[PDB]
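S.K.: Single-letter residue listing:
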Amino acid sequence: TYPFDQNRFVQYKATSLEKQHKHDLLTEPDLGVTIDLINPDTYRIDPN
Amino acid sequence: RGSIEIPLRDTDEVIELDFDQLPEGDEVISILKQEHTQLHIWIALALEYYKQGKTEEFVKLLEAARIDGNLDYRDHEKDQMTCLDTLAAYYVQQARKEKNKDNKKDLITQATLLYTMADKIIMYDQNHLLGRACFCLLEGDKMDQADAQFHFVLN
Numbered sequence: 060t061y062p063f064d065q066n067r068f069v070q071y072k073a074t075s076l077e078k079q080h081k082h083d084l085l086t087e088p089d090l091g092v093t094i095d096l097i098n099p100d101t102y103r104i105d106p107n
Numbered sequence: 003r004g005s006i007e008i009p010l011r012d013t014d015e016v017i018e019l020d021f022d023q024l025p026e027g028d029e030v031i032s033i034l035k036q037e038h039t040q041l042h043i044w045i046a047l048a049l050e051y052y053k054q055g056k057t058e059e060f061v062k063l064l065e066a067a068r069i070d071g072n073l074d075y076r077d078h079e080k081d082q083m084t085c086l087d088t089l090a091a092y093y094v095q096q097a098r099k100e101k102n103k104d105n106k107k108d109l110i111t112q113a114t115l116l117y118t119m120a121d122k123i124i125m126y127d128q129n130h131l132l133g134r135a136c137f138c139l140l141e142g143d144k145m146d147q148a149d150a151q152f153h154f155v156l157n
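From first to last, the protein sequence lines stand for chains V and S. Residue numbers in the first sequence follow PDB author numbering, run continuously in steps of one, and reach 107 at the last position. Residue numbers in the second sequence follow PDB author numbering, run continuously in steps of one, and reach 157 at the last position.
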């Protein structure tokens, strides 16, 4: 048999498999907005 | 704005509180309630505190405005349900900006109990269903229920 190195370590690296991943944005589960009908004290629907 | 009016009992429409300075909210409860002032002013200065960049004294001074639903007001219980839906929405909102020390439930309890008194007088407000629908997203369940109560809002 061949005396293979135990490849317990990454030096290639997997960075081709890594930066291909586009990372989710899940900071706030309702998508980063406070959902409120009271804090719209203002409205652009008025003129103009 | 930066100073709106606080009406008196006798020779009303005379005194003002300028909001550029920050008075303590508890003495505000006093200087309002020795004057038997209408509940609307409590909402108005709550909005003043909120536009002053305050979310916590804003939400706790209104707890002192939960006592005076119809004190001398001649059926301003519509004004009390408007008061109480603000706490039913902003307790659960301030629970989402939770800190390292308290629990989410440390505000959800007060939100849920006060919502029960909010539904004693009035049912299916445009914010009643919001409070329980946004209550659902916190726990990851009753999610289609939350969507249904939001669609109850559109109908």
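Some hints could be false.
[Claimed, not checked] Below 16 angstroms or equal to it, Euclidean Cα-Cα: the simulated EDC-like pairs (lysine to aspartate or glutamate) are:
#  : chain 1 : residue 1 : chain 2 : residue 2
1  : S       : 106       : S       : 74
2  : S       : 56        : V       : 100
3  : S       : 144       : V       : 100
4  : S       : 53        : S       : 22
5  : S       : 103       : V       : 89
6  : S       : 35        : S       : 74
7  : S       : 101       : V       : 100
8  : S       : 99        : V       : 100
9  : S       : 62        : S       : 26
10 : S       : 35        : S       : 14
11 : S       : 62        : V       : 100
12 : S       : 80        : S       : 14
13 : S       : 53        : V       : 100
14 : S       : 106       : V       : 87
No lab work stands behind these hints, which were simulated from the structure alone.
S.K.: Can you list which hints this structure breaks, lowest number first?
M.R.: 1, 3, 5, 7, 8, 11 and 12
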